[PDB]
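There is one chain below, alone, in structure tokens, taken in the form solved without 2-carbamoylbenzoic acid.
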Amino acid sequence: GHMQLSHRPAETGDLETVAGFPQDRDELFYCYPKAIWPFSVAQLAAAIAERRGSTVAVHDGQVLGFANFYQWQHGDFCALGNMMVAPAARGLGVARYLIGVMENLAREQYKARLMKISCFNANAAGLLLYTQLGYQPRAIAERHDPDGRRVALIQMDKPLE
């Protein structure tokens, strides 16, 4: 970089790339808690079919980020999920960029007034990023990780404009 980011809807040809993004069971859990390790293109595709707005971010010809909505409620809110970033491109602004693109889509396509993001407690980088982007914590929910251990899901939101 400097980063020259663009975006477009995800395509089947991007699946293998994106499914390569989670580097360990923790990372997969944070972005897709219902997935099973190891991740696969079939699991990623099954998410995409269940969700809306699956979008990739591109720089220098490489797909470096992916996101979608897992909830969408017209005139109300969307909730962002599957936020994934290529391991060679962490900390370079890819998630920031894609979250802004997703906010625009939630406003424009769903007339959303609010974006919800939920982030697991262990993901400090995620919690600090969403904080920088104007998200505020609203609640904490209990969830369980694949080892049956109790984790805290921090439920955040942000008004859209």
Contents of the next structure:
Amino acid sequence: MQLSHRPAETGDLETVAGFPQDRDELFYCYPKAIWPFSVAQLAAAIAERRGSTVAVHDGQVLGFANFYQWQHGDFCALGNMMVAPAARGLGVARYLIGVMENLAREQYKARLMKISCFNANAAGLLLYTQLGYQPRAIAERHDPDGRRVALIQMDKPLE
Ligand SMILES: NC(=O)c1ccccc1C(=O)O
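Now show me the form solved in complex with 2-carbamoylbenzoic acid; what you just gave was the form solved without 2-carbamoylbenzoic acid.
Starting with the chain above, the whole complex follows.
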């Protein structure tokens, strides 16, 4: 695994929009989106967010993330974390989170990163825990079927 990163580009959109594999996966990384995901929905998110970044290995875009909140001197909130199915479990999310932490520090002078994770996403909860994120609160959300879910709000200091 030899990873690099760069800002997302329009030519990346179809690849990245292909990463969520079902309605649940889309919900866990973009709960406002509607299944099926699309390039137009992804581009609309990018336009209203900051710091949209891809991770690349062996000439392939394998991961994407951005910030859905950003407050200079204060914090950023990581969003839209998506990884190519074949590249799951291989450190791509871990790598991108590190890159986004540096970007929050550098671009926003952030002292904290916030990550919100839906309760069903065990893999995310475990990874964010390995990376030093701590749970702070639990908020109620509703999934696309109107079922109540729990959004675990985590954070981590950035010095
Ligand atoms: N902004 C959110 O409500 C959210 C919550 C959990 C995971 C991802 C996101 C996201 O849209 O990026």
